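*Asks:* This is what each chain is made of:
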Amino acid sequence: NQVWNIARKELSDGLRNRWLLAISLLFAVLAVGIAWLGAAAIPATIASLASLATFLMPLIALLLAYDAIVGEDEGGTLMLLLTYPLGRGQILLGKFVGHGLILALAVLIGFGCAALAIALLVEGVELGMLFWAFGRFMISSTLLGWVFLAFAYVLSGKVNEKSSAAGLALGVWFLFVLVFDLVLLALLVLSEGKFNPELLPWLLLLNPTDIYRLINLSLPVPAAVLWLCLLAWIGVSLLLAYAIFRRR
Amino acid sequence: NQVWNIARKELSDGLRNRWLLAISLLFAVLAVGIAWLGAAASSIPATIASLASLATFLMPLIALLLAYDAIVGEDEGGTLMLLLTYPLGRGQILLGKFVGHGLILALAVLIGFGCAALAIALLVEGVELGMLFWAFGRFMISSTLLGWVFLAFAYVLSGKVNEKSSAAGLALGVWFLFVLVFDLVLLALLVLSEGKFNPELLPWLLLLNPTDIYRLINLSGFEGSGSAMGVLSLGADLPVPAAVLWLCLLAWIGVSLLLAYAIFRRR
Amino acid sequence: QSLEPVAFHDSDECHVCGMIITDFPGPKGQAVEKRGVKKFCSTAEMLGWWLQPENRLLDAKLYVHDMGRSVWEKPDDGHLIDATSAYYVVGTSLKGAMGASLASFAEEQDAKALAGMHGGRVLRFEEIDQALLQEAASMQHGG
Amino acid sequence: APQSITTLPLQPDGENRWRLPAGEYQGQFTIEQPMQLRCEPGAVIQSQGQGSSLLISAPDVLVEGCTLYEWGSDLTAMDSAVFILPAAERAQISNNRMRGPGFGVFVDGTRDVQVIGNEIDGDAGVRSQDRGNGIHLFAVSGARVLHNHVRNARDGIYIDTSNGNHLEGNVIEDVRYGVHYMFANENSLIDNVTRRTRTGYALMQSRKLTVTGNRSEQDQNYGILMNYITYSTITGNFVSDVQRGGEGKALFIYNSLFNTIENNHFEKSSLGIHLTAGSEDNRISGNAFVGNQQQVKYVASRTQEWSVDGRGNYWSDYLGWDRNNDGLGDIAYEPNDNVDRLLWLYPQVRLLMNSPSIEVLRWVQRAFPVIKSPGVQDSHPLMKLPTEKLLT
Amino acid sequence: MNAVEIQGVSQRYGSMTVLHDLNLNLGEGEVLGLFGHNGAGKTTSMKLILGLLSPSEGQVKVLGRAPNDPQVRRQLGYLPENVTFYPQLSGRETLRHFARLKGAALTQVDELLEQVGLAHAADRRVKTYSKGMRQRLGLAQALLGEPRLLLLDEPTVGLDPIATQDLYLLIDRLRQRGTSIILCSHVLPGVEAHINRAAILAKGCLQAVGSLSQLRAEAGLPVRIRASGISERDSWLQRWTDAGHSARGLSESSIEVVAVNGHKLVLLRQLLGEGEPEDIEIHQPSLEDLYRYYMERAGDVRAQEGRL
Amino acid sequence: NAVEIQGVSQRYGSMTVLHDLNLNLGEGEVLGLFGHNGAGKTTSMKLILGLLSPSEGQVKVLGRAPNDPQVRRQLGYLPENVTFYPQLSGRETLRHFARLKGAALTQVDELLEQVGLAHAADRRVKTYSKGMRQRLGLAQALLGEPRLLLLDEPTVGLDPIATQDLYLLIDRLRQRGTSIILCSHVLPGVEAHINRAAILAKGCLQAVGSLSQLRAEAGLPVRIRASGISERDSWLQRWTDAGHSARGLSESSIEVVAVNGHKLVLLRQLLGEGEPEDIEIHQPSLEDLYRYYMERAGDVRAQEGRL
Ligand SMILES: [Cu+2]
Ligand SMILES: [Mg+2]
Ligand SMILES: [Zn+2]
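Residue numbers (the deposited numbering), protein chains in the order written: chain E, 2 to 42, 51 to 227, 245 to 274; chain D, 2 to 43, 50 to 274; chain H, 32 to 174; chain A, 28 to 272, 283 to 429; chain B, 1 to 308; chain C, 2 to 308.
The shape of chain E in the complex, shown without the other chains:
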């Protein structure tokens, strides 16, 4: 299968990116420095780790894949790759596997060194809850990263130049992390006798950073819909990215 033969490239090319390895080191340092000041000073520190991995796992995903399609079109290899025995689906899906296992490893160095700083600085942490609250944490942080990976394929395929891809990937990172929730807070303060209280939990499903925190805080909705709503953000935006990539 050539979806794996093009996936082995993106592992070898993504792990030598100096821009990624600075951020993945800074993600692992700050995950220790929160865990050090969460133990010396486990649900109280997994909420501060959720605010950390909402900052950086969209940033890691957009640093990897903002130049996945348009970076190959500018490099000229994209026109070369289409003349190989390869569909346009297998190029995108193979990049999604290759970029997906990078930030599936960046949470295993990220939280693998954070859970070590919890299991060795609490002395009585009751580790049977640790390997289930971090197993639900490492899976949900990867799925958050796979959304913004699929968001990065949408904005890479739309633009025609590498400089305007980073101008939109910064715009997507501003909008989906810290502008959409600020206009939620703004709506409440400006309008308090008109806005529906019930509507806001449902309106939280239009933001995958918000769905990420709701599966680390365990509410009118159940838990199982949020797993199928985070996977729906992957499956729609990858299908949207495949629909854009077939129109170049």
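Think of the hints as simulated: they come from the structure by calculation, not from any bench.
Every clue listed holds true.
Here are the computed distance ranges between Cβ atoms for each label pair:
1) H:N86 <-> E:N205: 13 to 21 Å
2) H:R66 <-> A:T103: 35 to 43 Å
3) H:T53 <-> A:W400: 45 to 53 Å
4) B:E305 <-> E:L22: 56 to 64 Å
Calculated pairs, DSSO-like style, for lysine-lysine (alpha carbon to alpha carbon, straight line, at most 27 Å):
5) B:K42 <-> B:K61
6) A:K421 <-> A:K305
7) C:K47 <-> D:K167
8) E:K167 <-> C:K131
9) E:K171 <-> C:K131
Note that the Cβ used here is the ideal one computed from N, Cα and C, for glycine as well.
The hints should help you fit chains D, H, A, B and C with the ligands onto chain E, whose structure is shown.
*Replies:* The following block gives chains D, H, A, B and C with the ligands in isolation, referenced to the frame of chain E:
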């Protein structure tokens, strides 16, 4: 003169940068918004320490957005090697870029603090126009100097590197270190030592950061509250007068421009 | 569901002071929120709770007793008027539960009856502020 | 209802002083003469379950060492264990053991009564709505209730309109209210210990009183509740770990205008201090707010300085320094942000409380002080623990 | 047997037809040269031969199949212009990436690195490569497997003057095996020694095809005779204008004379007879000289003496 | 005497990257610098421009020092690949070089009309192809009457009509008297336009001079194809009796292989008789002369398909 003929390019090249005009209008729409919130609460020493904090986050940002690709952006673009075969020196195509990018920062903060002053004289009734002109005259001729420091920092990290993709990594490192890491390293040095590391050396570490000398100039007449200063509360323990704080800000230009020329002379 | 003032039980604690409501004379306010009903041992303790900024924006109906149609020692649940449209008298020598004695009325002449019978002044709901509750309670339980 | 003379008291001294021997008795009993009766340790005066067991109507009675059991439970007719009439002035009830479903020591209209060293175990099955008071005091001037041990009553030491009296060194366990105060002007209470209580100290409408040195160990939902107290004094109280069962507040100041709140110790609670909007401008200086998950709850926009004479409080999360070596901190300490009061003003923001944008808004307040609402700050906070003696 | 059978295609984008009535037939060992100046007819015929586009008014038959079948592209190399690969990968790892997609054997990456002369510069990053060193890599992925058709779009940019000749030597070896290729260049002298038949096409249409002998015979073009080492310039230079030949003087003693191919013999004897040149160079009408004729044949008026 | 390089032996790091070349350039000649092995193509390119200092030797451009501004206004240098300033326009980019070189401002319209760029002028350089940037890069080289051009691959990525019009523009400037150095790598194609070549490799300048001088210093075969001849007779084999290899081609044609110093004497041997009838010559090209001189110094021939 050749220094003005190459300044007229950069004055007409930075103004077509759409990333500049976004975040220099962002400096304008925030300096009105801070002064509008400072007018609705009245208050006066809090809107001075917040406007000086706004230009701490943005005037290094506009300066490093301009000039991170000033030398190395011309080197890999091919147009630097051509320029040395023109009747010029390396000192004229650096001082000319400093004059050319410097008048943009002199205009990007005259727009910002210009409309901020007009959002006070037309908003808060009965303000002192003598005190308003003096405080915002001190804000204009000191936020350019903070901007010209980080302009001269960017020529150091452009002449040192040899690839433009790595120059943006160093410019992001300089912007994070001087703006919002050195005030936090000094904070973490004071909390973990409980203020007993050195009771006399620690106020002199504010002079090793031009963003903190910038805050010490504008917060001279308006101290007001104490916790709003925060890590600037060592500024009362500095025995230097106000004129040395201007001169230590100009010395941050002149050492980091002569370093920028000595790096560029052996490029 | 905010239109219904629920009745008081004997095992009903106040929202603020937490003690038993029906062991006291005087009118007893309560606040129906339409997400959960919370009750109060005195009307002055309800108005002390209402003037806090957490509850200014809170959409909740306030209900107090009608002391123009009830005996002051044991008020029936019964007629329970809306507290915004009431006529509180202040400064009387009656002994309420917690705060100053704020006998609530609905007809304003019975409020004028108790005002002249004890030396008090009728005042509306919007004239009640926290400068008045602390002034009236100091004249009642002080000196 | 028989009398105390219907028993067999052996006189040790002929100054109306009697001594009851060891052996059980039956029924209610009544003191009508100034008898200084003592008791042997086997004097189990067990009533049958009705009426006030030991009614006292005579002045100057030194009741000592008795052991009362199973009196009535009609709280409306005040079925007490020790009923003390208004004419029974200066009664001493010393070192007694009580077990029965009503009032332990009900006094009313009395003067200079001394209720010393008793052990009053109330009930086990009644729902803490009909258990009766441990030591009920109803408008007494001069009382001295000292070093008792009240367990499992209803609302502990209830006090109604009693002017001048001391409450010294008594341990109160597993009750609804620890010490209840109703309109008790010019009161005092020292060094009391309250354990596992649904409200540790009820201070309702009592002015000019001194609350000093008291301890509150593991109470439920309210450490010290003060309603409408003026000119009071709260010095040296130790309120520790008030868990929920309210969310748990070590001190809840509601409509208290003037009082001095110094040298306290609010430890390991959910809320260190709740200051309502009506209770403002009172001297709060020198306390220790250690280990609380949220120190001050103050839903207002009015500024509130918490430091009289330049000395503030010790805060555990005070990340400040001290350059010039005095006890005071150098930077002021705001215990509340603006986003810490949006959570209280709008409870729907709890869904958004872990967002990075909220974490951005905590940093924007530290960088841009125009958006800082005027809160509950204290200039010059303390650097070290001022309550070095209360931890022992 | 024909490799590329383009049978009457007409490719358009909207209403405008960017390519009108192209009709080619590339042989089994021939070297074709697509040259285009204004229109995208060079560019669209690249994408039509590959599976990048679809013929909107015709069909192409690459190796007797549709151009997007997987059996076609496993035996088809293609080098694009100004390609830059993944700069963090190695030179050998890029070919081992491309060998997996074409189905090539892994015992060919060591040969093809040696076959293009990258054995010394392998296992270093692509970002520390030259412009010409990337063309050695870009040619190497086109030779993966056993290709039957190569579409070299400008293969000799940035290359050494020796290495561009060894590339054509590697090319002329390959067409002897039976791999018919296509050169697509703009530097027209330099490809004329290795082209088999040109395919010079205009803005829209296909102008003329055939070998160099057929294009020189169909398009009557003059002949250049460069004479170096003469006595004087203007003694002859004023005379060729009277004989009717545009002649220039190139140095202190060297001229070139543009004859008209009936005058070429009698003008040849006037140099060896009259005067004594040190060397005589005779230039045939080149591929570049044929190219400017065909642009004049359809639009495209010639500029000034020295203008562009 | 435009460029007078005399005895320059450039070193950096004690590595002697350039080795004792003496390259004198005429005042109207068109030189060609071709270098592959060493850095001799690029170090000598900088040494003329004056931005490199000649260790152990002197360089004299236009009879003066190479770094005086009085002669740096009289040069024009076209670099390798110059994406100039992608936000500026075409006119404002060239006016920016018009002020820097000190030329008159009226030349910016007569050069953007000269180079075919006036329709693409007043448009941003980010929408320019590689052909238009080479078109623009030439326009600053012709700024204010340059007495010494210096082009480094001017025809890269450029359409083939305008490549020929570039050299006719180059040929106009030679007759005006301005020397031109063509530093290129596409040597079949530039050999019709240069006047003297300078092949330098492994630092040392291997060969210099005109094209006929390089063929004189390198004994190489020529093909003299002569169709339309006499009786296909002893006339065919008589140059085999002269010491050559005359192939008696069938269609009344001879293909003689000669030694190119005996070139024209075999020509007038043939055309001295009355039946040449439109013969053809095939001299060795600059491509083949390059591979001889490269192999003569350090290079060995590669394999059959090795590069
Ligand atoms: Cu009470
Ligand atoms: Mg200090
Ligand atoms: Zn109440």
